[PDB]
Each structure stands twice: as structure tokens, then as C-alpha cells.
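Add chain B to chain A, keeping to what the hints say.
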Amino acid sequence: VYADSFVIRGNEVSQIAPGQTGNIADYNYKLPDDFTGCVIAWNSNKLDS
Amino acid sequence: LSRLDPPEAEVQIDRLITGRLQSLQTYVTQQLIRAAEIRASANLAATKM
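Chains as they are written, first to last, in UniProt numbering: chain A, 395 to 443; chain B, 981 to 1029.
Calculated directly from the structure, the hints in this document are not laboratory data. Errors might be hidden in some of the hints.
[What the hints assert, rightly or not] Calculated pairs, DMTMM-like style, for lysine to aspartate or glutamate (alpha carbon to alpha carbon, straight line, at most 20 Å):
hint: 1; chain 1: A; residue 1: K424; chain 2: A; residue 2: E406
hint: 2; chain 1: A; residue 1: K440; chain 2: A; residue 2: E406
hint: 3; chain 1: A; residue 1: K424; chain 2: A; residue 2: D398
hint: 4; chain 1: A; residue 1: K424; chain 2: B; residue 2: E990
hint: 5; chain 1: A; residue 1: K424; chain 2: B; residue 2: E1017
hint: 6; chain 1: B; residue 1: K1028; chain 2: B; residue 2: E1017
hint: 7; chain 1: A; residue 1: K424; chain 2: B; residue 2: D985
The shape of chain A in the complex, shown without the other chains:
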């Protein structure tokens, strides 16, 4: 099991998925096409803003 953590914009989370296109999914963090696992996200306005 590998756990990868990071922070991104709100709607930008839509780019965190297999075979997506966009700034993140193309130059920061790209998931494989055969990815099996889970993507967990939660708001962090009380912490990082």
C-alpha cells in the first residue's frame, strides 16, 4: 500500500483520477490508467487558508 498526500484547489480535485487531463494530472501528479485504490479528499479551509 502506498499513500500519497498533497493539497490542491477545490474543483481541481476532479483532475485526481485515472487518465485525466489538466495542469495537475499532466505535470504534478498523474494516476495510471489501471489504477486500483482510493482517492480521499476533504476541505482544509480551517487549516491551510
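For chain B alone, kept in the frame of chain A given last:
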């Protein structure tokens, strides 16, 4: 491939490939039937000879 992203392009190419493979299978089945018919014809021709 150029106008669709990998996720949907995968199912589109799968549709095309299923169609083409089924068409080729139909062609080869009809060819087998015609080959059996021509085998019978050739057997009759050899008997006549």
C-alpha cells in the same frame, strides 16, 4: 484517439474493435460454409473424372 480522452476513447475503440472482430468472424464463417460446399463440389468432380 485525438478527439477523446483515454477513458472514453477506451470504450469507443472497444466498440469499434468488437464490431470489426465480429465482422471478421462472420466473414470467416461464411468462408468456411462456402469451402465445405466447394469441397462437396470437388468430390463430385473427382468422382465424375
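Hint by hint, here is what the structure shows:
1. The suggested pairing of A/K424 with A/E406 holds, with an alpha-carbon distance near 13 Å, which does not exceed 20 Å.
2. Between the alpha carbons of A/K440 and A/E406 the distance comes to roughly 19 Å, so the proposed pair stays at or under 20 Å and holds.
3. For a cut-off of 20 Å, the pair hint linking A/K424 to A/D398 stands: about 12 Å separates their Cα positions.
4. Distance restraint check for A/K424 and B/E990: the Cα-Cα separation of roughly 18 Å lies within the 20 Å cut-off, and the hinted pair is therefore satisfied.
5. As the CA atoms of A/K424 and B/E1017 are separated by approximately 57 Å, the hinted pair breaks the 20 Å bound.
6. As the CA atoms of B/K1028 and B/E1017 are separated by approximately 17 Å, the hinted pair is consistent with the 20 Å bound.
7. The suggested pairing of A/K424 with B/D985 holds, with an alpha-carbon distance near 14 Å, which does not exceed 20 Å.
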